[PDB]
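A.B. asks: The chain contents come next:
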Amino acid sequence: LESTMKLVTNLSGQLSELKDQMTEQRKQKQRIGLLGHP
Amino acid sequence: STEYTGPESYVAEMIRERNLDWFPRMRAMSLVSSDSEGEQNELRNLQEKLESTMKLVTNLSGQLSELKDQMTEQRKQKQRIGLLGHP
Amino acid sequence: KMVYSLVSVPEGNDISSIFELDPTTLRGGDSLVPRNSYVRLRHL
Ligand SMILES: [Ca+2]
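Taken in order, these protein sequences are the chains called Z, Y and D. Residue numbers for the first sequence follow full-length UniProt numbering, beginning at 2702 and rising by one. Residue numbers for the second sequence follow full-length UniProt numbering, beginning at 2653 and rising by one. Residue numbers for the third sequence follow full-length UniProt numbering, beginning at 350 and rising by one.
To be clear, the hints were calculated from the coordinates, so they are not data collected in a lab. Watch out, some of these pointers could steer you wrong.
[Stated by the list, open to error] Computed list of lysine to any residue pairs in SDA-like fashion (alpha-carbon distance at most 25 Å, straight line):
no., chain 1, residue 1, chain 2, residue 2
1, Z, 2730, Y, 2731
2, Z, 2707, Y, 2716
3, Y, 2707, Z, 2721
4, Z, 2730, Y, 2707
5, Y, 2701, Z, 2711
6, Y, 2730, Z, 2722
7, D, 350, D, 382
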């Protein structure tokens, strides 16, 4: 069951980090849309 | 001495050394029926290190969640100051 | 054709002197740039 926690915790972590990487690419896109188009 | 094996060479140099420590005293491999008991120790070490891995992953999950919440809170702060500040 | 060519300008506060860095492999955008990695230069 702690191996099952391995699996579920790993999936939770990867989902959280992918959410964070969409957030970071959104920030990158808005920064290049602001700085790049003044 | 040309074709002594491992244990034969060991015993030969013991009996040349005038030593009798190679006899089994109060010991027998049949009595020790305990198989490799290191499996339980390995399981304990596995669970401990893997719960430390849960420490790491749970901590990263918590910090990611709290940073998400702090962007949410600063968004709320910015909208409140944009509404109240510009009526 | 060759629309623009590289030159050296004395002032560095302009927007014509800024460059964008492009990796040669699959490297994440937020990751640190390795010290001696091959790259591609894009004029922003
Ligand atoms: Ca030999």
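A.B. asks: So which of the earlier hints does this model not fit?
C.D. replies: Those not satisfied are hints 4, 7.
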